[PDB]
Amino acid sequence: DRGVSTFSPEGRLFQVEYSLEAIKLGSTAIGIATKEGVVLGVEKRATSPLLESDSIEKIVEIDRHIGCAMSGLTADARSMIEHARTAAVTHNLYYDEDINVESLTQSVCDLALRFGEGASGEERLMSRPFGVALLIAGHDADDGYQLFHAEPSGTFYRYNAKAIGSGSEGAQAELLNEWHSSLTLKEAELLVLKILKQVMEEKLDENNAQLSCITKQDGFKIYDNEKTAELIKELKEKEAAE
Amino acid sequence: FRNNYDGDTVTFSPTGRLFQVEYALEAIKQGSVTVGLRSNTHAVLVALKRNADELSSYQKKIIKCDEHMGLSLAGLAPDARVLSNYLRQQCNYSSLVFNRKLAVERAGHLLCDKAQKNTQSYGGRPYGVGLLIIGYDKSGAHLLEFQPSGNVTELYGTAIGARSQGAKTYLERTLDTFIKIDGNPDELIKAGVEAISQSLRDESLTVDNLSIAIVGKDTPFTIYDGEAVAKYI
Amino acid sequence: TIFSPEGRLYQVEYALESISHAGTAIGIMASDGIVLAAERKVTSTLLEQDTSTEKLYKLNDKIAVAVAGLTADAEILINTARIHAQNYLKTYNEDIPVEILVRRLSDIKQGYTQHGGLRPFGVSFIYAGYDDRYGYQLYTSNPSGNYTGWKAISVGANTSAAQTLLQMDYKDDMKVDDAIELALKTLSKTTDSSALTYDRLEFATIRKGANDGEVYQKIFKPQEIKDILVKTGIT
Amino acid sequence: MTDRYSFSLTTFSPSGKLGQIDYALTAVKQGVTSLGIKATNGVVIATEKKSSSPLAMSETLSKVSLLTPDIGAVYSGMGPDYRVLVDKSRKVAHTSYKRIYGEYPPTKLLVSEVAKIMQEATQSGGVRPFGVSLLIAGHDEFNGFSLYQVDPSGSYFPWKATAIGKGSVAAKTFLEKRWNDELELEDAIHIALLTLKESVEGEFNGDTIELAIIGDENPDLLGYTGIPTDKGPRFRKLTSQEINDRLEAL
Amino acid sequence: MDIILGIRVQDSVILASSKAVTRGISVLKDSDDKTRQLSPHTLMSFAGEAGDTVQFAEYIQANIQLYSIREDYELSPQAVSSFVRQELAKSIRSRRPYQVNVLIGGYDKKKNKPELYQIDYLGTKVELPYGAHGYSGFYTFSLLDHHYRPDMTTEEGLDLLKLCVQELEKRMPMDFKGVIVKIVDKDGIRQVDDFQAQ
Amino acid sequence: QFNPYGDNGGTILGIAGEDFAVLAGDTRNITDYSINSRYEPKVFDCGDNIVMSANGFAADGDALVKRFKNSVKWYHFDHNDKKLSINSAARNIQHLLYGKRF
Amino acid sequence: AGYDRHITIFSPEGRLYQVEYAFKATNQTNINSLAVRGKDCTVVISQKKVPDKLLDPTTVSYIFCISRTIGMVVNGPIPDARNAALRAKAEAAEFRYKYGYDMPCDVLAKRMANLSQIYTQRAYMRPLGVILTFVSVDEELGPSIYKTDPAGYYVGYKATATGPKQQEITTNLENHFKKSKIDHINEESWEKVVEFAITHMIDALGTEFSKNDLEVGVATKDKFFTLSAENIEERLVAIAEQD
Amino acid sequence: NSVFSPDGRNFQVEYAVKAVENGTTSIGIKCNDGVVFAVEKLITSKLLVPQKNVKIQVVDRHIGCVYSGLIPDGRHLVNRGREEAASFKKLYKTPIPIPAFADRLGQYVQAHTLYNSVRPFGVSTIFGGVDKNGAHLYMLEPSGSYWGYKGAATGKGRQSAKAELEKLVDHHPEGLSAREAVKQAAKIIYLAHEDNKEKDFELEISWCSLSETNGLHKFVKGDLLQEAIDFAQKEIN
Amino acid sequence: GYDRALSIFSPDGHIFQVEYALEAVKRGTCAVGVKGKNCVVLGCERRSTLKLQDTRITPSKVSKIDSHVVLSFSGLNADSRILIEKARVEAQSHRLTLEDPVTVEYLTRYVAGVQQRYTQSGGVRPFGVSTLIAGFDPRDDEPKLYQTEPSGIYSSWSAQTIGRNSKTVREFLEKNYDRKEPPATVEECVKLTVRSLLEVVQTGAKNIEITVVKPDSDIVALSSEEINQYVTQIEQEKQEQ
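Protein chains in written order, with UniProt numbering: chain A, 9 to 250; chain H, 2 to 234; chain B, 11 to 245; chain L, 1 to 250; chain E, 1 to 198; chain Y, 20 to 121; chain D, 10 to 252; chain Z, 12 to 248; chain G, 3 to 243.
None of these hints come from the bench; they were simulated from the model.
Heads up, some of the hints might be wrong.
[Claimed, not checked] Capping the alpha-carbon separation at 30 Å, the derived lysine-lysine pairs in BS3-like fashion look like this:
| hint | chain 1 | residue 1 | chain 2 | residue 2 |
| --- | --- | --- | --- | --- |
| 1 | G | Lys39 | B | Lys68 |
| 2 | B | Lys51 | G | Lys182 |
| 3 | B | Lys185 | G | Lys39 |
| 4 | E | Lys113 | B | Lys218 |
| 5 | Z | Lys210 | Z | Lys29 |
| 6 | G | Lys53 | B | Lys218 |
| 7 | B | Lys100 | E | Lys170 |
| 8 | L | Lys177 | B | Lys68 |
| 9 | H | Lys218 | Y | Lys119 |
| 10 | B | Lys51 | L | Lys177 |
| 11 | H | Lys169 | Z | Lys229 |
| 12 | B | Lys161 | E | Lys110 |
| 13 | B | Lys51 | L | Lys116 |
Let's have the full structure, built from the sequences with the hints guiding it.
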């Protein structure tokens with residue numbers, strides 16, 4: 009123990025590496041990109057049955073064309089979501105158009121850098137890295153449907169599919185087998201739900217899991233519980249015959 | 002002796018070493034490989050990108066700075082964004098105020114000075130990224146190597162990152178051939194692509210694997226990815 | 011200003027420890043007034059007692075404090091409390107309600123608990139005051155920034171012994187005079203000195219003032235302490 | 001450049017001590033002995049001019065200092081710390097009082113202010129406490145004569161007579177035996193000169209003793225005539241000649 | 001020129017405030033309420049410069065409500081009016097002063113007395129049996145000097161104001177579109193929502 | 020007193036067709052009753068197939084053109100080389116101008 | 010690594026190790042200086058050692074002209090010496106501008122003493138490893154010698170010495186004043202005071218000096234100047250034909 | 012850094028010195044009307060562009076600076092040196108005297124030995140030029156210590172270089188010429204490369220002479236550089 | 003300028019200062035909240051170190067934020083005053099700019115936001131406080147209950163408890179509170195609140211205090227006796243073989 013932005017002898021930033029450990033303790037979040045949209049799904053993980061399950065907001069809208077799922081210390085995501093919404097709305101104000109998904113992600117990632125004990129910048133207004141990863145999914149005319157993983161390192165990666173949180177190692181393997189460049193939106197929905205069922209340390213129902221997507225034509229929508237339950241009936245029945 | 006002396010950048014060890022800087026340099030040795038080389042008419046960057054998964058994008062390693070300048074990175078990528086951003090402004094200031102394209106050498110000196118401050122200020126950290134800078138200015142083509150220690154050197158060719166030595170060795174021997182590839186862009190790229198291959202246990206560089214950048218006499222700095230690099234594999 | 015594994019505040023706990031070695035101060039709240047009593051820390055013959063004030067301070071005309079802790083740390087907090095009371099009066103043309111002044115001082119202490127990297131004030135206060143909302147009021151504040159109201163209370167050295175005795179003899183319908191007596195008796199039993207003399211004491215009352223309908227603050231003179239010590243049979 | 005130590009260097013230990021204040025008091029212990037005695041018509045403060053080599057000019061060092069025309073100060077502990085507190089005290093007597101009320105502050109309030117400066121050095125970031133104890137003697141129209149001690153913590157208290165530094169224990173005893181509430185000034189000086197002999201090792205004359213009084217008004221030290229409403233400073237430093245005269249009949 | 005009238009009777013305070021809002025050559029509103037409730041027993045009326053007026057009132061309102069909730073207690077009318085005064089007295093020497101005149105009408109429950117305070121934009125405060133701001137005072141002060149009695153009932157107070165309004169509708173150059181009248185007593189604040197066509 | 024504004028005279032004209040647009044201007048530059056230049060262009064290609072002219076006080080005009088060209092450049096840097104559409108340019112120019120409202 | 014050894018906080022015995030270590034630093038250059046007062050001048054002498062043959066010897070000096078009237082000699086390493094010299098020059102020029110008369114020797118001593126006191130009290134500043142001897146013929150006070158150290162201490166002197174062999178030179182000087190019964194060198198010319206100073210430097214150190222082994226500063230009424238090697242040679246010649 | 016050790020030395024400065032001694036070797040030689048500077052440039056690899064990684068730096072128009080240790084630290088110092096020269100010129104009109112320039116760097120380097128939040132410079136700088144009254148040569152250590160020199164050397168081969176300079180001083184009391192000092196510098200750099208010869212090297216020289224450059228700082232290129240390289244090669248075969 | 007980072011990550015990805023703040027919460031006196039069909043009830047306990055207190059003046063553990071929202075807390079009392087003030091200022095500020103009083107959710111998000119901010123700022127320690135915030139949205143009948151904690155996480159609860167021995171009382175509520183059939187009466191809702199507090203407190207004397215919130219700013223604290231009525235009716239009745 010010595011400082012915040014210190015390097016290890018292996019050339020990694022201690023605090024950035026430890027924030028990653030915090031994310032591994034988080035609830036699972038999975039995203040799947042297709043040519044008909046991007047689906048985002050999360051594990052609620054209520055700590056008690058008295059917790060009102062739909063007060064758990066781990067999937068948030070950023071703009072009509074951009075959505076977000078989070079994993080780790082979810083309280084740290086509030087000021088990231090806020091910064092992303094302002095960046096998207098401001099862009100529309102300055103440019104009379106939608107921000108690109110990649111540009112929005114880069115801005116959130118720029119925010120992520122701003123940690124350090126009054127460090128030599130301009131100016132670091134943050135004492136530690138965020139303890140939260142984000143999956144940012146959306147659509148823009150140029151590059152179509154897109155999924156991004158934004159770490160508190162300030163790095164972001166594009167993905168066809170990605171899982172973050174406690175069940176991510178197992179989830180990612182299943183995503184490698186199941187993903188192909190011709191998945192429909194409905195197939196993607198079933199696949200997220202399926203993999204979530206595998207890694208949830210409860211039995212997946214409409215109250216402990218939440219689905220969402222973004223399509224060009226209808227924007228980012230969160231699925232309400234009734235629509236989710238129908239897919240959970242549909243998954244179990246699809247996975248009986250086979 | 003190696004104990005309390007790696008706490009911050011503001012502390013020398015009894016040997017005269019700055020360990021935090023040595024550790025920053027180490028983030029490079031872990032970064033994906035990238036190659037720089039130039040003739041007298043063009044300068045080329047070749048960068049093997051690294052993916053996280055088979056489902057992920059090979060994260061981009063070449064950043065444009067002006068119409069005549071650009072760079073490739075190895076190590077902490079966000080640090081390459083801070084530095085290239087600064088270079089973009091410096092090139093921009095040179096244009097607006099003086100109607101003058103910024104010399105690659107000045108760009109080198111500016112990056113050095115910027116990196117230096119962070120090796121001396123308390124509470125800050127050294128940059129954790131190496132950069133290869135190419136440009137074409139009023140004195141021809143140039144390649145620069147930037148180290149986070151703040152050391153910049155001008156070279157005919159070089160390579161940084163994991164197993165860069167193979168490519169650096171190959172370039173030391175190919176010297177007299179490649180420096181003569183004038184007015185022939187595709188052969189300079191070719192020389193760079195075969196230079197990077199001497200550094201691959203990995204695999205065979207694929208279409209989404211490869212990134213190429215060129216600048217030269219009547220050629221603004223431009224980046225090639227995927228479809229446009231297929232002819233070089 | 012950091013947490014321990016247990017969830018306590020190191021520097022606060024240690025400041026309270028510091029206070030527990032300071033001269034005892036007692037507050038007793040009656041039906042018709044309040045008593046403040048304080049013992050001076052192991053003194054001497056040459057120490058001037060005439061022009062001496064170290065434990066009892068006037069905050070405004072309706073409010074006084076008893077101090078247990080670092081005398082100098084306390085002067086700092088007394089001065090800003092005096093300013094705060096005046097800001098309130100200037101703003102509202104009404105004397106500050108005791109609780110409001112107390113909350114403000116406790117918020118200041120709390121700050122040093124939560125931010126800034128400075129050490130907390132090594133001070134505890136007993137506040138005696140009157141206002142027309144709650145009448146007579148007795149409050150306590152310590153370095154944690156915590157404050158509570160009391161019928162009777164003690165701070166500094168030997169609070170366990172003192173508290174036990176006050177709970178034994180205090181009753182809701184007491185008069186100021188019985189309260190004065192109770193305070194002095196309690197200090198007689200808890201002292202580290204042979205006996206309790208006048209030159210080792212500070213004493214104040216806040217009375218409804220014989221006949222007027224107005225509140226009066228009395229900081230007892232050396233002779234007045236000496237006299238009130240006789241009547242009660244401690245001579 | 002710039003300050004990194006933005007945190008308190010004096011913190012509470014588990015037993016409740018403030019270590020740096022204790023160590024400051026220890027520093028004061030090694031200090032040369034100084035004393036003050038309060039009479040009915042005056043105050044006397046006195047100390048020893050410990051000289052380091054006879055080549056040093058003892059008179060150039062101010063161990064006893066005028067703070068205001070009616071207030072003086074002396075110390076034990078670290079000389080350089082004293083010297084800067086004298087400067088800040090003089091200034092604050094003006095900035096916090098004379099520029100507001102057009103008159104010099106009363107002793108207890110000036111003492112209050114010095115105390116404040118010393119307390120801040122106990123809590124501010126990046127500083128150590130002052131390693132001195134002060135004796136401040138003075139007079140003001142409404143309180144008369146007074147003598148105070150100020151310690152590293154910023155604590156102050158009024159005394160009838162006291163001593164600080166090396167031989168303080170023994171000297172406090174000596175004064176207790178000799179002090180009554182009826183002493184004339186000349187008596188207090190004589191008692192002060194007796195108490196100070198116990199302290200010193202070597203020479204004991206007017207050139208190794210610094211002594212000042214707070215007494216009557218000295219009109220011939222005012223520097224001007226024509227305004228009957230003030231007759232000068234009550235603070236006076238005794239000369240080398242004046243100490244010697246009282247030593248022959250000692 | 002906005003009519004702001006106040007009259008303190010024996011057991012209540014009555015505020016009468018003009019309903020018109022006029023910019024240039026147009027009456028934009030004929031039903032404006034130039035009044036904010038500060039606490040259950042304290043009402044403030046205001047006139048002056050177009051934007052400053054409501055921003056000041058609402059800023060005062062927010063502050064008093066905050067005090068109430070923090071102390072679970074109502075400030076006296078005297079205390080409220082001192083707060084308001086100090087605010088205006090600060091404002092007058094700042095970069096851009098609030099150009100706002102106020103009447104504060106409250107019932108002090110601890111004293112069981114009604115109170116009327118008049119304060120102008122300079123921070124000039126005074127307690128009065130009756131008050132007014134602007135031109136309307138040039139008619140009403142002399143009127144009330146004659147017809148006012150210290151021990152009137154609330155019903156007599158309302159007849160007194162009727163006389164004041166009538167005099168203003170006869171001699172004032174501008175159409176102020178009648179008044180809204182509100183009473184502050186022991187019970188609180190109510191509106192006599194039937195004064196204009198009575 | 021120092022007057023920070025001048026008038027360099029000069030007239031510009033824009034016409035939109037079905038699948039083209041023209042932006043024209045004279046090349047004359049004047050101060051009071053003098054000619055500074057007979058050929059000082061004031062219509063500029065700004066990249067991304069946008070042309071621009073800012074006519075009146077030529078110094079202010081030049082600054083705005085510079086700042087917009089630079090805007091286009093940074094747009095390319097920040098938004099993965101996206102083409103700046105004419106409506107987006109317009110809006111961006113509003114902000115440039117309005118930042119100097121006073 | 011106990012913090013009371015690294016920053017200027019008190020140790021349990023009430024000590025400041027950093028200050029003590031700063032005193033130790035003052036002797037690093039292994040140089041002795043002495044100052045004496047004449048009737049109407051003040052003289053400073055300091056050994057001059059130029060080991061390296063590569064050095065330009067005219068640049069190797071530990072004596073400084075602070076103002077027209079004040080000179081200063083430093084015992085301690087040159088970087089810290091120069092820092093103190095630059096600050097004193099500024100202070101003396103500032104004083105003259107604000108107050109309309111030349112900064113007296115003792116007031117600048119006091120001011121520098123105070124600055125040093127601050128490094129003694131504040132944690133982020135190390136003390137300077139130097140002793141500063143200030144000299145002049147003061148318009149009110151006459152010949153003057155005032156000396157400050159890393160503790161923030163300062164006092165005036167009849168004469169003084171500083172360096173590794175300080176004690177020997179001091180006692181030597183004490184013994185002269187004991188006998189002569191005065192507090193100055195009773196000589197009309199500054200040349201003879203320099204001669205006195207060098208003579209007693211020789212006796213106390215048991216060393217002969219050539220012209221490049223010393224450095225001399227002289228303060229007169231309205232001037233402080235330093236001697237050339239050739240001026241010093243003439244002084245050395247005169248002591249040869251006597252002692 | 013704001014830390015004395017018990018021996019009165021500054022341990023952080025002491026460690027900075029080690030970094031200097033670990034650096035490339037560089038020299039300055041004073042001559043009768045000027046100063047010459049030379050440095051050793053390690054050829055890490057054949058890929059280094061010859062003559063294209065300039066180490067010597069100009070300050071104003073009349074001052075040269077060369078250094079050994081952490082090259083970036085040396086650059087930081089020259090930048091400050093330039094702002095200090097500019098600010099002297101702005102106010103006093105005349106270009107900055109070399110003793111004045113020396114104290115400016117002196118004070119600045121010394122400031123980085125005062126605070127625990129800053130580290131000392133990891134360079135020894137040799138610099139100088141010609142001013143209103145002659146040529147001056149200085150060397151500045153990490154402590155901020157500096158003096159005037161007849162000849163100066165720093166870096167890995169400092170010892171052998173110093174001995175050679177000593178031999179010149181003793182054998183040319185009448186003074187050396189700019190033209191001669193140039194060749195002598197080439198010799199000395201070849202004769203310090205003995206202690207750093209695990210790698211090939213490129214020679215760089217600059218000079219400032221009243222008769223040879225009109226008192227301006229200038230690099231030694233072409234014929235004159237080759238003549239010096241020739242002469243240095245000659246006296247070693 | 004003291005900005006030395008105090009809340010930092012551990013190798014296993016934990017922020018120990020936030021973690022230890024949670025310990026101070028568990029050290030604090032118990033607090034409980036349960037919401038009914040047309041009400042929400044808050045309940046606290048009082049400690050027994052000393053009992054010569056004056057209760058007329060001593061700060062109650064349930065604070066009004068605005069006329070329709072209340073806040074109760076476990077942990078450092080002194081810390082909670084700071085959150086309460088900021089919450090009160092926000093409530094007034096929201097009234098001023100939005101012309102509507104705060105929703106209970108919004109006020110919760112604000113307080114939770116403040117606690118979060120104190121987990122990532124140089125030279126500040128997190129709040130040793132966890133809160134229950136209850137009330138009704140303006141012009142709405144649906145009851146509301148939210149919990150915040152030192153990390154800045156917040157969520158809504160059918161019922162919830164915090165502080166010392168809350169492990170035990172959450173045990174009770176999990177068995178007893180039926181999602182199907184909330185306690186339909188104010189009376190039977192106060193019943194479940196007293197029962198759950200009885201497991202920990204001992205004698206509901208000068209220790210158990212209760213406050214009821216109803217729609218449209220209807221907030222009443224109970225009295226010692228009106229408490230004793232529930233104490234008596236449950237201890238004797240629910241003691242049968």
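- request: Kindly indicate which numbered hints from before are broken by the structure, ordering the numbers from low to high.
  value: Hints 1, 2, 3, 7, 8, 9 and 11 are the ones this structure does not satisfy, whereas the remaining hints hold.
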